[PDB]
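**Student:** Residues per chain are reported as follows:
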Amino acid sequence: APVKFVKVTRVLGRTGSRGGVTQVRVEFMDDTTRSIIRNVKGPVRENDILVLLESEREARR
Amino acid sequence: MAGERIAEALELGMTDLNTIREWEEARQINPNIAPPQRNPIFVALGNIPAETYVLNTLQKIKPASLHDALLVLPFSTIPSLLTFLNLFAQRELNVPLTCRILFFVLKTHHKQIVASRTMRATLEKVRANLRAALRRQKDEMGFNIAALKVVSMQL
Amino acid sequence: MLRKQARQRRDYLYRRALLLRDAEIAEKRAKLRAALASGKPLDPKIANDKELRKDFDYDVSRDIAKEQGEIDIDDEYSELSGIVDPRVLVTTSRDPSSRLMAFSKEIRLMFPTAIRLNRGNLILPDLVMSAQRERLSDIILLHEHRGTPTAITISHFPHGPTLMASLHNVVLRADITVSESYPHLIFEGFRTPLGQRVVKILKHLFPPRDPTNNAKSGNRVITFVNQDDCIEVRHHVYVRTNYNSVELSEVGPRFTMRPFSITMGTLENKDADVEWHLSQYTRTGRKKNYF
Amino acid sequence: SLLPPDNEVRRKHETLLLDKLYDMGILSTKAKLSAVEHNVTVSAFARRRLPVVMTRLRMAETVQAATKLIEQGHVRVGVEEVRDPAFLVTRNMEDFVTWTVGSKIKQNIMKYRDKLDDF
Amino acid sequence: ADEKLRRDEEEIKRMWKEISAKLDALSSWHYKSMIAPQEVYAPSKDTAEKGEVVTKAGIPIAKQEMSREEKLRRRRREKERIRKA
Amino acid sequence: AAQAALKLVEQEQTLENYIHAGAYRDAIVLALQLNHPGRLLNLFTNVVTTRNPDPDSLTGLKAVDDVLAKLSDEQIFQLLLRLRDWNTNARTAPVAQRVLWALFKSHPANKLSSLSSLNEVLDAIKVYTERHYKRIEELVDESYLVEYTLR
Amino acid sequence: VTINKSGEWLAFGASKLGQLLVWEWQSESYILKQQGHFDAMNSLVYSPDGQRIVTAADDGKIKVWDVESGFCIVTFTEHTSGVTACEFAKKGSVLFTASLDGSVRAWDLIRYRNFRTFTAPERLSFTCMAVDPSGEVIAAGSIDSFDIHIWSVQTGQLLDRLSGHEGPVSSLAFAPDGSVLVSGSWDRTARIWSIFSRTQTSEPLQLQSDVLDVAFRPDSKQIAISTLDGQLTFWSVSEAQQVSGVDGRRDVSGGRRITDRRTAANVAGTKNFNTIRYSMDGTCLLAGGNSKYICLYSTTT
RNA sequence: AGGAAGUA
RNA sequence: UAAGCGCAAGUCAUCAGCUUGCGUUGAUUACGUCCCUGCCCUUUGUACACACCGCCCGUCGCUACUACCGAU
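As given, the protein sequences belong to chains A, B, C, D, E, F and G, one line each in that order.
The first sequence runs 90 to 150 under the numbering used here.
The second sequence runs 498 to 652 under the numbering used here.
The third sequence runs 1019 to 1309 under the numbering used here.
The fourth sequence runs 48 to 166 under the numbering used here.
The fifth sequence runs 76 to 160 under the numbering used here.
The sixth sequence runs 17 to 167 under the numbering used here.
The seventh sequence runs 6 to 306 under the numbering used here.
Bear in mind the hints are in silico, worked out from the structure with no lab data behind them.
Examples of chain B residues toward chain F, derived with CB under 7 Å: (1) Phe-600; (2) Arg-624; (3) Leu-631; (4) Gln-651.
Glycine is no exception: its CB is placed at the ideal position from the N, C-alpha and C atoms.
Please put together the full structure from these sequences, using the hints given.
**Tutor:** And the structure:
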């Protein structure tokens, strides 16, 4: 399980569902192009470096 | 749920284009019996094209939250959206809409689009259909404003 | 700010004193006009007062506006009578109980534009300074005995009449969510001008209404009615099941209220002039409803 | 008051005259047009001037002391250092009148009250 | 006469503009190109003299074309506007 | 005119099955006769949203261009009435500028300035067409983003 | 009166108002008819193009001047009694202005006529004005009331009036991001107004004296206030915290008007900045008051 | 007078 | 703000089985979202643009005209 650092561009306003879970737009940090959207618990803003595990997650609510 | 609406409608239109390109290859082979067997959500609206299905379900979303449902779109289903904007710019189905939401999608996703390669080929296609569409309609309306000038000066 | 509201207190009390100075010239002027119009008997002091005729002819038309009902009476309410939405705080005593914060919950749940603050440790001139700066157009205070509440003190701003009232026969919410529409005020038994003052300081405490279809639109009613100067309020929600029938339901706190003070000036003015208080310990004070 | 007394131009210009002149500060109640008939007065204008209204606010002791102070320029009305002794002060500008910023008079006030601060 | 009442009223309005300007000046002001297309032509009921009706879309749609269902729905829509207004 | 009423009922009974059929020419003509025009706008929207665009044409389908050239005076000016009524909407402006474009390409500036309330008609068409033209011009200058997104 | 060498143009100057005009005497026509302001100005801004400056005055008119050619291209006369403030949006289409008439008039500058004149329910006289950069929110503020009134442009009504201040709010400014309103008031305080989210919250900035002015860094991370001492100070906006400050009392002293029996360097009343701006880089400030010196500071050093 | 129906 | 801590008062109603003030010390954790539970409002208006949407829908009623089914 290699660790992939990652950061944030957009905060996805009207989508985020089921409680305080913020869904967020994510631009990868080592290769600064590949951008997936991830599910984030807790307070998160733009320009905020997130640490994610295995990136084979394409799901939402 | 609106981004899920254009996600699943985008996927149903994508498999619809898959079935009519398989059937289109088969009718380029022979006029033999080749059942297209379309989707029982398309046949309930009446054997409609995916252009007017996906266009009408992009006109259901009210254009405040158009960029919200449009902005939740993942990079997996950006290319099928570019396919249908190639079709909307081809047969000219509401070109201020396909301009507007095209420019939202590229305007966000530049570095993935400019770093990719295949969507610069389909981006060349939608460049051709978009430029020909806006070019033609622009030329028509310019001719009409000139003609209305000549008649209104003629009186 | 403070110089503004202090000079507004002082100027308001001065103009009220000029009302009390001009009461006799107002009644004398009204008998002059009504005896010009109706018929020939007129008092010879009125007919002989030579300043009254000139100041009459300058000041007829405003008494015409009063008799017609045109102008509004100078008051701590009719500057912003029904246009502004009155923001109303509710607070408690200093260290409230579980029952007292639940009662605070249901009475802020009674008024629509009513915010609720935790008490904490908040010096009371910081209550009137805080509601003075963030323009809470009414605050109400709460007091308990062992959680079962025993007083409220409505008190509004910049310098409006506080009312202090004890509290009896209180039933909270029972076992089991209540709507917040702009409610329906009814007021029964306020026959006197003191009843008209307490009815004014209760009917400018709620959000006003656009006057088109208030008679039908809305399902929430709030009822104040006094027997023996101890007013009542119940809180009912209603569906009008016919054109000639209606189904009510008790929604909240069963409430009765004995006012013991009406003090002009705010909650800090413990020196300002009362207009009313309970006359216990007089000998015929327990035989009168309003005074 | 020479109009017929049911008229609407009367019932509006009464309220605008009385409310204008009251909130100006010359009248003292806004419920009597007889108060304009014999209670508007050049003494009421002159007592609505600046050295009298700060004598009345007790910014000074007398109108001569307050006039001398506002010709030496210690006062302000609002934000601007007023040096005119004829500056008419209206009723809500009788709240925003105090001493100017670096005022020796104000250091004498905080100095009397034993609470100054050289900061 | 009403000519005298209105001549007196206009002279009193002239007096109040002059005097009220002089009062605000004494208090030093501490008192209290063309046309859009929708204002050249906009399609509406006064603009259509029809057996058709100009809709809220701006498009005339004729009753003779309108079936049972669409005249029904426009009755219930205008009655929705009556229950609101 | 009871037989004229039976003529109206009969030709309506033709036109509904005619729009059910794939032909559009005598529904343009028979709708400029029947004078109920919301489906006339549905006919121009149908004919410009056809899949088949050919030839080098004016409206799309072949007969429509020279049935606009073979349309008469009161019929054409009444069509200018309903194109100043369809030019206002921005959803049906692209399907009215194209048949309006066929109309101005066919008929000259004397047939169109021939009399039969003409000034404010073509003025209203002028101002709304200028509005939507300014919109699509701004769309073009936004399409050079895609021109840049290649290289 | 002067008269051309040809004999075809006549020029007339009326000295009381501005009123310069040139007149073709045979083709009877104004080739020129121009006028300045016959009263003190109160505000100027620039279009975001940068080619025209608009200025308002106590004359009652708000007029639109071209930077080249030295003429007023428009003069709007629909206020009365002195125009206090004057501003644009991001767009440069709409000219939002404010006046002691009691009204904020939102002018359409391509059609030369106003959308919407807002005013307050009780009669006010607004002295300060700030429009959101995406120009769909209006803030204004007065001396008579000391709450702050917010209208909505794409509706037309009044969206809120906002609390908090113990004195007449005397400088209003939205951020060029458009997330934060900032109020500067005579309660010797400033205020961060976070409107647009679900918590319309405040965050006060306890200052030392009466706030005269408020200006934003063109990136919205830092703000400057003029306060009545004569001192400017510089504040972080995200984490609200003073970062810097100038005491400019001696830098601005344009001394000894007549009817000063006090000396030039003792007049308090020329020793404060009415108005401050940043430059478009965000490096230097303009600062200026009731004085003779315009005072150009920096931010980093 | 009732019962059931259409269109506007 | 929650929580601890003592001190004072007893103000015509209430309150010593306590009540109400007053100071002292003072955090964590949300400060976003309507997904769950709900509550309110939109689809009519209220002034006008540059911009943008494009006729929400079902069930009975009230009337107006047209023609019937069964008594008298």
